[PDB]
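A single chain comes next, written as structure tokens; it is the form deposited without adenosine-5'-triphosphate (ATP).
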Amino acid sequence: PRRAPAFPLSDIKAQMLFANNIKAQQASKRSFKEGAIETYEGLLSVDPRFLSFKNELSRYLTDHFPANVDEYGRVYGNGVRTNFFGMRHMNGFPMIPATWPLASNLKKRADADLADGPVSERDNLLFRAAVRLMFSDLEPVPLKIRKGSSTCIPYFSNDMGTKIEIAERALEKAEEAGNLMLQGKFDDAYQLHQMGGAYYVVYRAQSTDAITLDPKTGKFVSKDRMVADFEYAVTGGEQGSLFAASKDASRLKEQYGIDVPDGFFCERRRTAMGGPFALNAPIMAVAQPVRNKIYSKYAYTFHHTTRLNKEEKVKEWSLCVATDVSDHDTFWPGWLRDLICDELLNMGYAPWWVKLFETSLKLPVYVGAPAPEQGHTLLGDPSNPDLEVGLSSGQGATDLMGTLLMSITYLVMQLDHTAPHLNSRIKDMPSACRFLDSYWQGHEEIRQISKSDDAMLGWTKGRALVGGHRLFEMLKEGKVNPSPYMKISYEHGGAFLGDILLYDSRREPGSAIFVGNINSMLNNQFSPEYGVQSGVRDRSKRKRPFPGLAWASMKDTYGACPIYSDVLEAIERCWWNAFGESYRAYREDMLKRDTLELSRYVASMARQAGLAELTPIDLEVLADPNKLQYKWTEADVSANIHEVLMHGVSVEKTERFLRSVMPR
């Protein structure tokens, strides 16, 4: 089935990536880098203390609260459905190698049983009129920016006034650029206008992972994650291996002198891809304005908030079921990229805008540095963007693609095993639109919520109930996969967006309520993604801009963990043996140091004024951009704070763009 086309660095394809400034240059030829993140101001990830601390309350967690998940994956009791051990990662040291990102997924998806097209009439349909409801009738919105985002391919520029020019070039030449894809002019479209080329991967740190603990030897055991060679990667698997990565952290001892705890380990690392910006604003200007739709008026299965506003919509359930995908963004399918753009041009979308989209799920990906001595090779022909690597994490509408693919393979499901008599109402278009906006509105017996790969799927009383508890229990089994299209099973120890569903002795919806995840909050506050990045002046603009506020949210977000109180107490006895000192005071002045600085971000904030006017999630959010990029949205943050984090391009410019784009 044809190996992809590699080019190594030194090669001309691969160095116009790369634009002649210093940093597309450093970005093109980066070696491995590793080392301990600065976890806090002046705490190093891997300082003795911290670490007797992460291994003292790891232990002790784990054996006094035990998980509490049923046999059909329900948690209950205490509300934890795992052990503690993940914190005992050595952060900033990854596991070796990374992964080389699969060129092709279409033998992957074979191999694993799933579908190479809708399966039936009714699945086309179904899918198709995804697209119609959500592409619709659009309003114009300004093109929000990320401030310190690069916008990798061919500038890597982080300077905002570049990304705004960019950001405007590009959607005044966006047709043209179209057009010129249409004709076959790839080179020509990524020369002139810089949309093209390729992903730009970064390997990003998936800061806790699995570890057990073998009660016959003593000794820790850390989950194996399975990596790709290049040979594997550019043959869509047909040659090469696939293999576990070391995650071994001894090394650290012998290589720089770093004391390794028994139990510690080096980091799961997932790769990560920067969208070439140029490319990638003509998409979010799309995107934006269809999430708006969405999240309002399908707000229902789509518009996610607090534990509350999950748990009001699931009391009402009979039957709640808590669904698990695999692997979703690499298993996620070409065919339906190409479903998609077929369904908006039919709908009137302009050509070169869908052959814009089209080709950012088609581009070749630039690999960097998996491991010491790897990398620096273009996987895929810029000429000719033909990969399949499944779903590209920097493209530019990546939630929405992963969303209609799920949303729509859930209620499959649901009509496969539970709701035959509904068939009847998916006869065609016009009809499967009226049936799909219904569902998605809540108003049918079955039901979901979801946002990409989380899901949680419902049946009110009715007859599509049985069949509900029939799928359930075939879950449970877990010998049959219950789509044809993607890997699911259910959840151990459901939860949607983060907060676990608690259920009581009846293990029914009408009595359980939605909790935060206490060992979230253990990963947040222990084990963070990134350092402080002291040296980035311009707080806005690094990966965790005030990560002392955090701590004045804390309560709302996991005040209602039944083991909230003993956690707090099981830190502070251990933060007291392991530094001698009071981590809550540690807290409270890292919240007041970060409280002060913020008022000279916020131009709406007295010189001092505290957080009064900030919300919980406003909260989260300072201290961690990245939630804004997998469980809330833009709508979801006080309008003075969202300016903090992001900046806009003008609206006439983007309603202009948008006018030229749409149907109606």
Given for the second form:
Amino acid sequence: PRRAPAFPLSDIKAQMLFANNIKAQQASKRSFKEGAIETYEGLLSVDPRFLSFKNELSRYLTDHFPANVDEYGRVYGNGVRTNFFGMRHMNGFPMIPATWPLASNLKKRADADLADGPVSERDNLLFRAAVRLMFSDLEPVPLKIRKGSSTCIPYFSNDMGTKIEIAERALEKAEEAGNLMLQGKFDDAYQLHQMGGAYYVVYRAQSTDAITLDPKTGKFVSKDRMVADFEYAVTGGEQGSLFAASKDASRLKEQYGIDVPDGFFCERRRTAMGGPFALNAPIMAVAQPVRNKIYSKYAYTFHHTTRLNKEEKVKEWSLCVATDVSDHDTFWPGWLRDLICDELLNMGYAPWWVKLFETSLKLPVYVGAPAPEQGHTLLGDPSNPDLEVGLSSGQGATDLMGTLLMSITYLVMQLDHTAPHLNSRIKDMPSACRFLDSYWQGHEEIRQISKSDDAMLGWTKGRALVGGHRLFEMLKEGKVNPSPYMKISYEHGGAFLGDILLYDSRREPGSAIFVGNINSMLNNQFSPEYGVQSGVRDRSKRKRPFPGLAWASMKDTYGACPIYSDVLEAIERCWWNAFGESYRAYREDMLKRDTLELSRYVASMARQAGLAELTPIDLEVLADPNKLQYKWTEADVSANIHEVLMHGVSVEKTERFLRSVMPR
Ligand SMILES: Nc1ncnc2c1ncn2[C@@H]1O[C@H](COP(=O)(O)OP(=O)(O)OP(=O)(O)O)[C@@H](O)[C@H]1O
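Next up, the form solved in complex with adenosine-5'-triphosphate (ATP), please; the one we just looked at was the form deposited without adenosine-5'-triphosphate (ATP).
Shown next: the complete complex, the earlier chain at its head.
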């Protein structure tokens, strides 16, 4: 039903993906890798003391703080929405094998009963309106680049200088590239400006995943994670099979002679894709302005910061529904890509740019190493990009694509099941824009706060409110999908952007509050996704630059949690039992040390000043920059700090670029 061409590394098409240089060549050949992570300097994630500590802490917490989640997924009481067994993983050792990325998700969507286009004309208008509101009067900004980040295909450079070169060169030449593409000459576009090629697949770790303790056997059981084999991936699920990966860690004993205690498993791995930087630059140049716009003019539903920022908005609702989307990225519809490009073209965007955007969403994928002796295979032909993988985690505007979808999806869910009386307001593009604008500003009886697949759907007092309760009930029964676009459910233990929504006896938004998820603190402190990379001098280029700084923000981030104090004591106690040291002490040391090191990187920090003028956000980001691509944005981070992590291209240069893309 279209098989998707596949090419081995040795094929010329794959070879053209990697430049004549060491780094690039190595990335094309990189074989499957595995190994304990350096959790903290001097501490191996799989060290016996640590696993012991993990076994005791997880069992204890789970036993003394069972979840407090009602029939409707609202969490009350202790703020615990599940057991603490999630920490029981041999971090650094993946489940085998990782999945192969699906080349087409059309069958997948169809078999899941999702639509292959806007189903009604209203929907078609709202999606196009979303595009109109989001991409209009945009302001130029410098194109900020993450430090130590990669250029991926074809150079694989990590040099800031070279990145800036590439980017400037890209904004200068994007236009020729796109026109070349509009003429069907992708190979030329790629050969001449490296805009094309493929995404590079890298498997990332979900350091914690669900684990259950079956009362009968007294043995632990890990959530099975389904993966696809090469056959399945190239046939869109037609041929091939789709089985559960093995999380069994026993192998670690024979292979590496590591004592794997009972009830510990290999970690879940998620496919991640690095995009060809020459292609993402032109895109990022528009994407950031768009973020700025929606986070400013549409701050009500899009821009989120503190636990209280969220509280203000929800407290005022009569009903709060915490949604849940199944496998967002892989279901994301290509028809939406095409819809968006079409509308962009209508609004007046340079076709060459739109063409780049489009192409970035149908690009081939190079699979690295999903498992031992597996991979190094290119999926799809770069000469005629036509994959349909959903959303590529490393495309320049991934967050916007997920937010543009989902946001309209949720509104439609609301219109469809609770606010039929609003349809008359959506008659044509103008009325649609007018309506959406109002809605995104929190100015209607129905509201939402979201970021891609995370959302809190709300109802104020009114006509639609009775509908809202019916909807919530549809969700609890969970026998019927409330949407034609994506598989939707309610989150069991609702929370938004990391903070758990804590309901009291009343069980209503007004008397509820937003507390930090303490299980998150546990994940962050004992199951980091990456090691400390003590071998990297430049801390700014590390995945975790200043791990110690999180101690400083801990209270502010998680203090509001009902059993905050108890957990800390439990930790302290268990750490004593396992190390004969005080965890609090350990952290204060790490904290002093990192606070010191930091001043080296901050030009405005006295060479020994304090974390005096640093946001709690500043601290969490410095300890984990991942937070900067999922919880917050350039916006929420102090500019001092921002320069530590990012580096930009001249506004002069983006401004000139943007002026040629933008309609007006
Ligand atoms: N701190 C975090 N830890 C894990 N995932 C996170 C975290 N923060 C944000 N996410 C995200 O939320 C997602 C939703 O998780 P997931 O895809 O596994 O779905 P699920 O609801 O948990 O299970 P399933 O899809 O199999 O039905 C991820 O794909 C990821 O991008």
